[PDB]
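Quick heads-up: it's one chain on its own, the form solved without the named molecule, in structure tokens.
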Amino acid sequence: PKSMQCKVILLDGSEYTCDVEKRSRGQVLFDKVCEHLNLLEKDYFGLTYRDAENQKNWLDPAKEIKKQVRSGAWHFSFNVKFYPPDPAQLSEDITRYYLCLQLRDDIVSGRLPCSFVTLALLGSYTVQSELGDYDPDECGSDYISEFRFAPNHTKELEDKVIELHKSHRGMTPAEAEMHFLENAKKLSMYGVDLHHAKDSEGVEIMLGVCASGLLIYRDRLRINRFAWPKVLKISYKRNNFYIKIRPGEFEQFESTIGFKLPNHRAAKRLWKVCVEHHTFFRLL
């Protein structure tokens, strides 16, 4: 029975290696990575791989791994797939921990923009969780943390992390991680999966996929949102993505809104993440 080596980048930046039978479905690998991570609240997570166009795709747990990675390496990342709007409601501290590690990468990468003060506050909770109480012996006036807090670091930011870390004396790791999440969850781009697109006129927009629906970003002064319950049908055709909206009260007809994606694979990918968000946040 022939086995394929799998390499998975974990949220702490380390690498998990295992073997699965070459006909294995995605769920087999996911279950192995989740066991390794001691993670029981698996529904919020998944594995990503890079396609031949170097685009991130979600590994479908129901489909054969080989029919997704196709010509590419069996190389994956472990990631948050569904960002919970209220992380306090997760049943385990270890779930909140992985969510924090994902959000730290979202912030450092610039996927989750964040004010100076919120970067420093998030940083201060990370430092408290990982080192415990502020110690003046480890940090002089010239201290720079090993921790990555932001896409660009300044001495001012390092200073403010320390000033806020001082305030958290006595705080336990689960407590600091819960505070991290109570602040992170409020950021306007929290758990927003962004896709480049054009509207029906050819104007360049971003489409955001998240718990609260499909968001349209254009010019930063005109932001439309379609809550999931309003969306009856999501479809794609060639390079086009379509959402069918419920008729408003006393309106005779549903309305269908159309967008242009870079290519057919980009349209299908946006369709799949929308259907998955629609199902997940209908049930959560």
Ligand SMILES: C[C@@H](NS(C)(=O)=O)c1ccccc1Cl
Contents of the next structure:
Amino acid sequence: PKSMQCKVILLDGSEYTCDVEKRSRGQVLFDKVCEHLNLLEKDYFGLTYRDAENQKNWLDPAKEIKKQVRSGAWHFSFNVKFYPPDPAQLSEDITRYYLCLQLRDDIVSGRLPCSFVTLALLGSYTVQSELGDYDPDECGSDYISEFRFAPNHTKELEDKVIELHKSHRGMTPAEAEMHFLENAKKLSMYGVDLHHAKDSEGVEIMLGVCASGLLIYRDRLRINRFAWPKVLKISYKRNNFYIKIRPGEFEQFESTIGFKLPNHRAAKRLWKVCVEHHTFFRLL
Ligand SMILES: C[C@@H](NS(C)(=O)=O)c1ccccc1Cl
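Can you swap the form solved without the named molecule for the form deposited with the named molecule bound?
To see the whole picture, the full complex is given below, headed by that same chain.
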């Protein structure tokens, strides 16, 4: 039996290596990674890989790994797939911990925009969790933390993290992690997966997929939002992604909104992430 070596970037930035039989389905690798992480609440997570145009794809746990990575290296990342709208309801602190690690990367990367004060508050909870109670000894007036807090660091931000850290004396890691989540979960881009698209008039938009529904970011003025109840059906054809919207009571006919995606693969990827999030919505 022939086995392929897999490399998985974990959310702490470390590498996990294991072997699976070469015809293995994604679930086999995912189960190994989750066991390594002592993770039981597995349904919120997934593995991604980078394709031959270097975009993120979810590894489908039901399909052979070889038919998804195809020509590429068996290199993957471990990621949050479904962001819980209420992290306080997860059963395990270790689940909340990995969710925090993912969000820290969402913030540093700029995928999750955050005000100065929220960047500092989130950072303050990360420090409390990681180092425990504030200590002046390892924090001079010139202190800069090893922790990455934001897409752009300033001395201002470092100082505000320290000032807020001082207020958390006696907080345990699980408590600090829960506060981090209670704040992060309220950010307007929490758990929003963004896709570049053009509207039916060829105007560049962003489509966001999340637990509550679909977002169309035409720009800062006019964000259209479709709760999952409002979406009748989704479809893709060629480079096109179409959404059917229920009529208001007594209107007779649903409306169709069409979008142009970069290519066929980008359309299919959007479709699949919408289907997966809609099932998520359905079962909450
Ligand atoms: C899961 C998906 N099915 S379908 C028939 O492909 O549109 C769906 C069905 C109703 C609303 C939204 C979505 Cl995403």
